[PDB]
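Take a look at this one chain, the form solved without the ligand, written out in structure tokens.
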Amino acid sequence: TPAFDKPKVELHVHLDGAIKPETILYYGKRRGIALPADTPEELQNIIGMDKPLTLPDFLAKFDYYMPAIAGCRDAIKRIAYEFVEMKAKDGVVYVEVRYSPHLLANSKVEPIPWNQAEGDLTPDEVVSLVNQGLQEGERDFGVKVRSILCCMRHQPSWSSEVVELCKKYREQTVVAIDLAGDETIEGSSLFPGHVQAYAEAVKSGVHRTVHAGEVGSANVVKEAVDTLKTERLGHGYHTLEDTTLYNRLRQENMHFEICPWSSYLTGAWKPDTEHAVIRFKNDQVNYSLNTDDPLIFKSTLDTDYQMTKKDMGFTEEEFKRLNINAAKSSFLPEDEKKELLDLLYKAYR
């Protein structure tokens, strides 16, 4: 029994962090890729985490399975398709899924990811394949799906390509640009490559979100809002450390993409303190509930609702409230956004 058995909206979940272990296993053996384990259960046991890990340990989780998907057209399209199915099972009616097109390519991309051999899959084609999988999935599972392309903090050189891809495939699921990766990188938010890609997003009407304040200080949040001119914040928990910034963001109705289960497992949140989502609730902040990386966290969207319901006393009124706000803060055209809202209103009333 779901904690909130009603239609839901999810705005922060990574496609490369939401793959079925069986599918990883299928493609691993299909092209002779070495995987740590040969069974689904032990594979998620290895890939998943039950306790906070060092950043290196965390990032290494990806090294274990991404090589089996990246560079393979069939696989890129398939994980996108299966992703929509997963969300349908979660009772999600609208989802914005994000990922780095570069981390799935083996052609172009100077720093060829995952130590894979030079191939023939460019970031551009990756995007088209994802689009196809997501659209076929929308048709087959009844979930409205849009995507977001991720700039990687440690690779500013890819950021311009990211924004141009968002422009090229606009509406065809791509609705925004994101900035993900290691936030502890000093001045990463200020890297010219990232700043210019976002300045261009503003100029081309590409919506914007940025991972900030998850583990970094309130200062990375401030840089995301004032310099990158982000419209939403991924996590943004450390905004509570700069009261004036927090209050300005509340005044501006800034949207916070919260991932409760994730924040716990990663350690972004210390169990000894009030969870940010609790005060955001008390402060009536504009925020959403999200899984982030279901595969790595061994979770489903219900995991985050069960946690806030049972361990934080969230009411159905708050769940309805936050999903309405998630829809209001979506990067959907105003026309479709209103339709999504009408669905939620009728479903919540």
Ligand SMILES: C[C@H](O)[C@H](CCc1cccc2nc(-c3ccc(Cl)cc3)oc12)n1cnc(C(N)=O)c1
The other form holds:
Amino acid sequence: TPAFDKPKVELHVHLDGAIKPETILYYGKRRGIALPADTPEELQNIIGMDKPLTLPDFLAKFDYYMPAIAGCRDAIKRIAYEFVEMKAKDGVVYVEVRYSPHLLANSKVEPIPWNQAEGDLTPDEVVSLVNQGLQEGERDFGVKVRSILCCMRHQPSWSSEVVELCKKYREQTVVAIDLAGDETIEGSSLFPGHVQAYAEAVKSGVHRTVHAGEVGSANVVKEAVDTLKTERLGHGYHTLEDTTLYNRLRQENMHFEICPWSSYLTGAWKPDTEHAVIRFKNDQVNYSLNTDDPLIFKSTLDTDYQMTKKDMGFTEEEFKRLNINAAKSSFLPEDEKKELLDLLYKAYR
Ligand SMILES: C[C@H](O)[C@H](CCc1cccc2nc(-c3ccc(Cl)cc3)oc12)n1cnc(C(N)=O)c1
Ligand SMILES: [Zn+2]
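Compare with the form solved without the ligand: the form solved in complex with the ligand:
Full assembly next; the chain just shown is listed first.
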């Protein structure tokens, strides 16, 4: 039954959007928050979704559970640990998971995320704890894992700490920086704090990726490339509305982090037209298949592979070409990237 019954590579998925329902119950219960339900699947139906909704509808999902996970020191380590385990079942051999350390913080973070009262969990140790849970996960379930840290469009004041956090924990899982949280706000790509952070990223050798084009115009995709100096684009479906941009990214081998199921459940893509990925497919574009938020979207990597092959006619060779490009574009050192490529080359025959 499963679509691509071979090893995979994932470069786009949010930790704070890949938490087991049961683990949220456990913590919400043990802390004093209570969720809109007390049964696993019950909680999985209310904070998840089976049909496309609007932005605020989507955003509300986080409002439910995040206050239950964020703040607790061992809740963060457990979610990271359980994350690696999840990828194992999906058959992923290499995965880059991202997140905003600040949105899990409850100390030294203004404003303080999701209401939440003050405390002592500083952003700095939030990522260190994720590192830990991630590394244990790697050794216990057998998946290679790296972490990307996220900046938030609306809160550019946190950006400097992000790059610093990336440089401080270099190697120890964190290999890149990201920009997330509503590319729709005017001139957000160009906010000084954001551009200075990415400028710092180049100056200290930390890789770069930017959410852009999912629901933003081609221009935001262009700002991400020309100003912030990205190496990869999250989604970036809208770069099609600008041909010299597209034509240029094609010859420059830009990597697109695609999440087809997600683009549906968020409205990014209308079922009326043909997904932006078939166009990429037909143009031999360097892109990857990604889950994004398995919790909110009640999916798994397979969910996305099923869709590409079911309603888009994706063949097993396209899936291989795809994942191999994913490995070339990963933010892995060259030695570990060769090793990774090699693995997939032998296993893809
Ligand atoms: C960067 C983090 O992991 C997050 C934090 C979620 C969040 C917190 C506060 C404000 C936020 N604004 C967004 C947001 C994301 C996309 C658009 Cl087009 C508009 C708003 O997401 C937010 N995350 C997780 N999944 C997504 C996602 N799929 O976009 C974002
Ligand atoms: Zn995303």
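The term rigid core refers to the maximal set of C-alpha atoms that superpose within 1.5 Å between the two forms. Positions refer to the first chain, counted from 1.
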Can you give the CA shift of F256 between the two forms, in Å, with the two forms fit on their core? 0.1
